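These notes concern the structure reproduced below.
Removed from the display is one protein chain of the complex; every other protein chain stays in position.
A, B, C and D label the chains in the order they appear, each numbered from 1.
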Amino acid sequence: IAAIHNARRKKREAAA
Amino acid sequence: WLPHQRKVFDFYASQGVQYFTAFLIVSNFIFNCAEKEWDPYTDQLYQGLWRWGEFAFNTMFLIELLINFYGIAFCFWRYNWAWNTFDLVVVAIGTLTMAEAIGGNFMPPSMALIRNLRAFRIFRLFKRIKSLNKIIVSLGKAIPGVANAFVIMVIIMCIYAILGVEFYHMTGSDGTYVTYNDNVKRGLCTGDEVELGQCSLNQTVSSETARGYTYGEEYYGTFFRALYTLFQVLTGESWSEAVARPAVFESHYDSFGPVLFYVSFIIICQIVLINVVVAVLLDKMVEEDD
Amino acid sequence: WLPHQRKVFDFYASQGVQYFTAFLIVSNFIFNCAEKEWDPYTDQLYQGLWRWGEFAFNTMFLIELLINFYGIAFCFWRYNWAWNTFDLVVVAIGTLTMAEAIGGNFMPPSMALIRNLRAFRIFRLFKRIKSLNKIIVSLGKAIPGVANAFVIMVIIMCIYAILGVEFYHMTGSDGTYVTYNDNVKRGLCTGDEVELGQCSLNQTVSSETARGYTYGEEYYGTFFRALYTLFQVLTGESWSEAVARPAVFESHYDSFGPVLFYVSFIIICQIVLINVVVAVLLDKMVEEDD
Amino acid sequence: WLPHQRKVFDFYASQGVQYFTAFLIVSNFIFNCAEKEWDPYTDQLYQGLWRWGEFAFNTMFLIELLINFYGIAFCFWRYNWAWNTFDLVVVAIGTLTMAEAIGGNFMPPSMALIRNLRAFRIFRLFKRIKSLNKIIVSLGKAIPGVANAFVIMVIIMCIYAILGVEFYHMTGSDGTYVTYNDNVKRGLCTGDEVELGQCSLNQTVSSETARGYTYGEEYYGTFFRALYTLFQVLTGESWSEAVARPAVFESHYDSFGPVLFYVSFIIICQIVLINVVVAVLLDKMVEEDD
Partner (left out) sequence: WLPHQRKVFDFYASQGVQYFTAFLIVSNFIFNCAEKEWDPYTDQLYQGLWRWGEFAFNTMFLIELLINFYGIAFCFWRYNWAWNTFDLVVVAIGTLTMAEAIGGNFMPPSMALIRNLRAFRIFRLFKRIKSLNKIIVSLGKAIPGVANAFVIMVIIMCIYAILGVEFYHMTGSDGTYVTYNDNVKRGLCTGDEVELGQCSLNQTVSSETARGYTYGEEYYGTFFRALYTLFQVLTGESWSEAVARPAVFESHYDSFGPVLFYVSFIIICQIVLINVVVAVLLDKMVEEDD
């Protein structure tokens, strides 16, 4: 599920 | 423009009419499912039921298609061309099925694979329900990003397929391979019985698979057989007990070869490449979600 | 309504009483586990032990239910309706079990599946422990988000099930299918021995499964058998050696058919769809976590 | 304090001495690996080599332990108590092994599982290398977060184990279970041959496993056998061809029972629960990483 986690991070950090 | 086009078009775009067509789509799919569940045989028991049910559903879908086109001036190039095209295709095949059922076998017995296209009418439900549409549009806008990692993984799989055909395409060709024990060294027999002939250090295990082949011919007999074997190994299915271990043990002191072959393939392709493909897929989908 | 309900209710809400009921729940579950571990047989050895233990536990749980309802004026519609309802159901079944044990077989031998509901008393522990509750509430608020991708995956699985019943539902119906050799071409025999009859290029491999069937009848005999086969393939269980490979090698020159069938199913459903379902699930859960 | 304690302690904390002890740890582990690779038998061929090598390594590790304790005033409660304790344990067992090798069998033949503790000396390497330490500390601070979801998953597994023992613990007890086919309805035989006795609709397939049991006794004979079966199903290992399918096809018309059993177990436990456990694990680890 690492793929899911990474996508989640990228989305949030990019928004930040 | 057609004198009756506008109100008919905004009627076909109505919420209730779309929901009714959706109900009719799901009922037709359930009808096909039920045909395959309760009447799958060649010599069917209730043949008229499925035939006339498909007929009635095709008639209703044809009427829906005509109401659609009548509302868009019968053009369908301009407005919603993709779904209109798919609908036209499936209803054209349905009309072909009506003709086939009534007045002869218009199509050769070869291309019945097109009669089998009824199952794919359910895809029209994805247009009406905004959630399924959201999912499939994200999937479609995610696939091109996957293309690159997919091509890399396939390149590596074809490399391993060439290597596998060169190496193992004749493993067990006689139908049998020999594996050597450690009997005297372990304790199961004494060295004298071997030299006399009472025991042995080799077992002539047979190599036939449950498909009638030998290990080499089936798993790596050709390049596409080998590519399929490597797909089955990529998904983790019996890669050791069926594929790897007979190769690994067939060669007595050259066991590093097949072991490194399968271990390197599994590590690289399975772990790294599948996780990268799926990761870029989910990344693209979460991109489109937000 | 009741004279001392206000204090009885706040007594039942006490930390220690909830922890004691939790201890009693876990002890009852361990009692059922121990019954199945040390005394699973039909003709039990220590039958009175399990019977009277279930009796005592049901009595204590009934007393707990009465203390509960006595504290909420015996209504239980207003305050914590879900857990109160579940508790009422399980203790009602427990009282049925007490009656069944004492004064006759009140229930027909058919619906013992309801006596088996003792195992699910442990779910009442999830209410008291704030961590397990935290997990199951996140799961519950995550499942509706999954619903859409789940329905898409099931739609595709039923499509493939219809296709599979149409194609393979008669593979190996005789009990045997033929696979074709490359013996003359490889080197194992010379072409003359084949024409004379010493060797052959076909092997009449048998198709019976370890279930007594043929390959087609068991794996794709009907639509629900095929949907179950496709579930087993979706989880990756023996999809090649048991399901795919006999089909792939049954065909002489059209092995692209079954190969593309199973490869497309695996790619689409397994990789893309399972990872999307699990991804939206975990996304919803991390949403609720924060 | 000891008059020689300070400089000796700062000498044992030196970079080079720690790297040398690390080299010695890895060499001892490689020595054990090599013993098992080149000399695994009961009647070993080079017994003195492994014996005196373990002796020399134990001597060097004892000297290292004494240099350690001499530098911390021989207390080891105050400074780095965990690793000092583990080191004291392993070197104490090593000294026991020295005594055992020289002057008798001090330990009963029962607890050799403690002589097997040499393999775990390698864990001392994790203290010196800052990367492996960084990984295991994250793992340790991640496990308590997993505890909750793990307990939920185990609760559900025990529920399913009780259910499985109640249902299937006698499947195939005779050694054979009967399965029924649609022979007449499909076309393989005509209904008259069945009534006359030429064909049948039932096949008395045998239920013995490759361990010698019956299907029920081995897979769900008791509660711990059933819990182990459900673990094997949770990891996806032959859950259908070995576990599920004989149960599913044992029932004539109630195949919904076992199908729903295994499908619900797989969905819930495998997909949802394993992915939630692993997700909270990786979440905790990325928490500690940053």
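What we mean here is this: a contact is a pair of C-beta atoms (placed from the backbone, for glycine too) under 8 Å apart; a residue touches a chain by one contact, two chains touch by 3 or more.
Peer 1: Among D:8, D:139, D:178 or D:194, which one touches the chain that has been omitted from the display?
Peer 2: Result: among the candidates, D:139 touches the missing chain.
Peer 1: Looking at the whole complex, which of B:190, B:198 or B:203 touches the chain that is not displayed?
Peer 2: The one listed residue touching the chain not shown is B:203.
Peer 1: Can you work out which residue in D:73, D:88, D:98 or D:122 touches the chain that's missing from view?
Peer 2: D:122
Peer 1: Contact with the hidden chain only, please: which subunit C residues?
Peer 2: The missing chain touches subunit C at positions 41-43, 45, 182, 185-187.
Peer 1: Touching the missing chain, which residues of subunit D?
Peer 2: Residues 29, 32-34, 36-38, 40, 42, 116, 119-120, 122, 125-126, 131-132, 134-136, 139, 170, 173, 210-213, 217-218, 221, 228, 231-232, 235-238, 242, 274, 277-278, 281-282, 285-286 of subunit D touch the chain that is not shown.
Peer 1: Can you list where subunit A touches the absent chain?
Peer 2: Within subunit A, the residues touching the omitted chain are 1-3, 5-6, 9-10.
Here is the rule we use: only the chains that are shown with their structure count from here on.
Peer 1: Could you list the positions in subunit D whose residues touch two or more of the other chains?
Peer 2: Residues 182, 186-187, 275, 279, 283 of subunit D touch two or more partner chains.
Peer 1: Please set out, as single numbers or ranges, the residues of subunit A touching at least two other chains.
Peer 2: 1-5, 7-8
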